[PDB]
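Take a look at this single chain, the form deposited in one PDB entry, given in structure tokens.
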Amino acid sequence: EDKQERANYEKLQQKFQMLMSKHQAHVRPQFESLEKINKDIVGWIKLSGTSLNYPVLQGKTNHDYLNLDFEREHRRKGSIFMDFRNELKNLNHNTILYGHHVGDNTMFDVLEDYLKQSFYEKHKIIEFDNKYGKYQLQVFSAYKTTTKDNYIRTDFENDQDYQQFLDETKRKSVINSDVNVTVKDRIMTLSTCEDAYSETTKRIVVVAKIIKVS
């Protein structure tokens, strides 16, 4: 069955790109189309030359699309989804997306490649789009973590705090980046997610500077 599963994302990827060519500069029409399939589709995330090229969901909670594809049907690999706490249009300091990593080379399997400096060099930019504009993700950190509390923070009490976070985030990186991030920039965190109650406790985190290129 994994056949049709791949086919579904294949149809949808081909559809997105045609819309991205049909409506081009305009992202509003592109996503009003995607939302016909499912209103929870709030964005699209793509990394050229890799399997990362999917729609981003957001439900009421962070287990809503843990085991559900984009048309709301049960799947072990579920789908890529944003933290239920993040706002669109007016991004929080830190926006977070999650996705499975099973080794099938799908969803967030590519986050592991970011641990290697070589790979990072050849894939410094990641594309992210939604109804409010086109964005560019400038990867500036990648690492493994056993925790699951601090790196999932949405906003901060003050610049100092956010400042510390950025510093910490930079120090944890296993890759070197030329990207210069400041407490004035907004960031996006791509996090790996295990199955419900899998509790394998071992995640791959990739962090990037968000840039509106529209």
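C-alpha atoms forming the largest set that superposes within 1.5 Å between two forms make up the rigid core. Only residues modelled in both forms are compared. Numbering follows the first chain given and starts at 1. Compared with the form deposited in another entry:
When both forms sit on the same rigid core, the CA shifts between the two forms reach 2 angstroms or more only at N150 out of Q160, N150, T50, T154. A movement of the C-alpha atom of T200 reaching 2 angstroms or beyond is seen between the two forms when the two forms are aligned on their rigid core. Segments of at least three consecutive residues in which every Cα is displaced by 2 Å or more between the two forms, once the core is aligned, are found at 147-151, 199-201.
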Second form
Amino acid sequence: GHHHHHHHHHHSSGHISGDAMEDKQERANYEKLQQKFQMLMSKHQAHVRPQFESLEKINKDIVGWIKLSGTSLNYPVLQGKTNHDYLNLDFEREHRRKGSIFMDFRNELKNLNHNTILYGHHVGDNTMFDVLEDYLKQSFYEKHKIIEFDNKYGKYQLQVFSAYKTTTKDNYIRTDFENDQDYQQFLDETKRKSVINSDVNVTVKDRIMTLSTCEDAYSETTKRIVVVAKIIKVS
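Would you generate the structure of this protein in the form deposited in another entry, following the form deposited in one PDB entry above?
FYI, this one's just the chain on its own, none of its partners or other molecules.
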């Protein structure tokens, strides 16, 4: 008939059965929010501001939405005053190990900085940023070159051009650069590190978005997966 998932998923705790009740409840909350957002989008076909003004009623910290068709990446983007505000908090401001997909506290929304950074968990249960790992394969990249990114000030597409693995020590990412030479070096370095080949033209006149896995404090994880994309304005 008309099914969004392999199996039917109950949303009310009282009807959720089986193992991992909590995980299923967390999943239910995202499914509910995805539905609310999808209806908002289909309704405001000519704009994007109303969609987010509606989401802000839930939490003013919801500053965007990121979605990749055919994958589990379909979540609200949170932003706090630090890069750990939403590390272990969901969009309802409830404590959750996986937290939220969140934007670096330094980034602007109305007029994007040179490099906009989003962070998310990668626990390997096919949620949040687990999808970034799939980008390390050329086959997957080719079929998922465009990611949707929306915010109150516009609708964008992220044209993926680099995916690689690094350490968890690499904790300082620049949002803007001293000059074109440094930005050019960053772009060149980004393509150089990529384990996948891309034909995307990115120049110093362009803006990019960095998607990075992020781990819990005092975690054993040693590697991070990074995916970088060129930001394209849709409407």
